[PDB]
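Peer 1: What follows is the residue order along each chain.
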Amino acid sequence: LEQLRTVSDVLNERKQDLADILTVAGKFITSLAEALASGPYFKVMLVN
Amino acid sequence: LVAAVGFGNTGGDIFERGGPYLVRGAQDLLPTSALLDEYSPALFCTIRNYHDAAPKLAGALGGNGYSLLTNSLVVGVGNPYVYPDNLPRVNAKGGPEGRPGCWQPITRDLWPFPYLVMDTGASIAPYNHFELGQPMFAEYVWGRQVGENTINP
Amino acid sequence: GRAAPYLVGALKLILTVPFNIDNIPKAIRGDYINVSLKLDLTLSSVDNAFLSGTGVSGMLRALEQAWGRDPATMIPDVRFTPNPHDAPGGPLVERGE
Amino acid sequence: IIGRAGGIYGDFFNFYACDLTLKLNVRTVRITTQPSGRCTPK
Amino acid sequence: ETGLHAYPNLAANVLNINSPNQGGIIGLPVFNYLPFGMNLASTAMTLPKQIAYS
Amino acid sequence: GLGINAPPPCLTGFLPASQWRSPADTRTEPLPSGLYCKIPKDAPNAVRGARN
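Residue numbers (the authors' numbering), protein chains in the order written: chain C, 263 to 310; chain A, 257 to 409; chain E, 294 to 390; chain B, 295 to 319, 327 to 343; chain D, 300 to 329, 375 to 398; chain F, 312 to 363.
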């Protein structure tokens with residue numbers, strides 16, 4: 263229970279970071295995975 | 257008696273508010289508990305291999321510190337995904353040799369990773385030989401193309 | 294519990310697998326990803342890229358092997374390196390049970 | 295960072311080739334490199 | 300919700316990009377675009393002795 | 312991958328071309344939401360995209 267206490271402390275200190283992780287990963291995963299959709303590969307744009 | 261009054265009232269209110277939640281949560285945890293139990297052997301080795309490959313991918317990222325180091329050799333791509341045959345599936349199950357698990361670590365003695373096919377709606381299993389890409393030519397004005405789209409190229 | 298010690302290290306890669314979280318800010322400078330291209334036209338690389346699975350697999354791999362190139366620094370010859378699927382002694386898998 | 299890296303402009307990723315080299319035979330030939338600018342060690 | 304809805308597709312596609320014979324991943328470069381397109385051939389990505397079934 | 316414009320990438324449902332930024336700026340920007348290819352399931356292009 264004590265080691266769970268310190269783990270839960272360090273996790274409650276970063277609950278907002280976890281919320282931000284989930285918020286961003288839910289708003290870019292669809293756009294990022296869109297690339298590997300036309301075939302057995304991923305598109306790339308080479309501006310050089 | 258007075259302490260029992262207080263304790264009973266407090267515990268009763270707690271359980272009234274948080275009993276249905278616990279009951280239905282423990283009801284809905286059965287399928288996921290079975291799921292996690294089935295894929296036990298694919299956990300220790302997976303964590304170990306990701307831990308060991310973390311420095312190897314980190315050195316590739318950080319050997320320069322300003323870009324990524326890659327070898328680019330020209331290769332030919334497979335046939336573009338066709339509309340009805342290649343729709344996504346989330347029915348993937350199992351592991352190598354029919355059961356969940358991990359291979360032995362990929363050294364240089366045994367390089368290639370044995371490809372794994374799963375119920376997905378796409379695969380690159382049959383590409384064991386050189387053939388021309390069936391949609392060899394196409395047009396994006398009237399959408400008239402040569403070749404026949406296939407799942408058996 | 295068996296894999297607990299390696300968990301914190303694995304978190305560097307187990308979520309974003311192709312990338313490593315440690316070096317995202319410097320490699321990716323915003324919209325565009327900076328990449329260093331080694332367009333390798335080695336004989337073995339072209340042999341693996343094109344002439345794998347045909348009758349001319351060893352036409353140029355062994356040509357370059359007879360030169361000063363050494364097998365240790367060459368990408369492994371897929372016709373002889375025993376992958377775990379068909380390696381001797383049965384399939385090579387590790388099962389935590 | 296990675297979310298804005300790929301897939302915002304279109305269906306494609308976004309790759310930038312600051313420095314490119316050619317490997318052939327075992328000599329390696331360089332065409333272009335970028336010493337300073339958007340791609341500097343950091 | 301979106302993460303659990305759209306990550307396994309990403310996992311499947313990134314597993315499909317990898318070619319065991321050549322190693323690593325494969326990707327091809329890209375009015376919006378040219379009216380005409382071409383695809384000369386499809387090289388051998390795998391071998392009969394490398395395919396394993398889930 | 313060899314071959315030129317085999318699947319043509321889609322610009323429907325993504326950021327407009329006039330809204331692109333030059334590669335010089337390493338400045339980060341807030342990533343938008345609801346960005347994916349918006350073709351009516353047609354063509355081989357982006358078959359396994361978000362909409363499917």
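Don't take each hint at face value.
As the list claims (entries may be wrong) - For the chain E half of the interface with chain D, some residues (derived, Cβ under 8 Å), not all of them:
#, residue
1, 307
2, 309
3, 311
4, 312
5, 341
6, 342
7, 345
8, 368
9, 378
10, 379
11, 380
Simulated from the structure, these hints should not be mistaken for lab results.
Cβ atoms here follow ideal geometry from the backbone N, Cα and C, with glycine treated the same way.
Peer 1: It remains to establish, for every hint, whether it holds in the given structure.
Peer 2: Tested hints:
Taking 8 Å as the C-beta cut-off, the interface hint given for residue 307 of chain E is violated, the closest approach to chain D being about 12 Å. Of the supplied interface hints, the one on residue 309 of chain E is violated, with its beta-carbon coming no nearer than about 11 Å to a beta-carbon of chain D, more than 8 Å. For residue 311 of chain E, the suggested interface contact is upheld, since its CB lies about 7 Å from the closest CB of chain D, less than 8 Å. Here the hint on residue 312 of chain E is broken, as its CB sits about 11 Å from the closest CB of chain D, past 8 Å.
Given the 8 Å rule on beta carbons, the hint for residue 341 of chain E holds: about 5 Å separates it from the nearest Cβ of chain D. Annotation: interface hint on residue 342 of chain E holds; nearest CB of chain D at approximately 6 Å, less than 8 Å. Because the closest C-beta pair between residue 345 of chain E and chain D is about 5 Å apart, less than 8 Å, the hint holds. Hint on residue 368 of chain E holds. Least Cβ distance to chain D is approximately 7 Å, under the 8 Å limit.
This hint holds: residue 378 of chain E has a C-beta 5 Å from the nearest C-beta of chain D, less than the 8 Å allowed. Among the interface hints, the one on residue 379 of chain E holds; its C-beta lies about 5 Å from the nearest C-beta in chain D, closer than the 8 Å criterion. A cut of 8 Å between beta carbons decides the hint on residue 380 of chain E: the least distance to chain D is about 11 Å, and the hint is violated.
Comparing the model with each numbered hint stated earlier shows that hints 1, 2, 4 and 11 do not hold.
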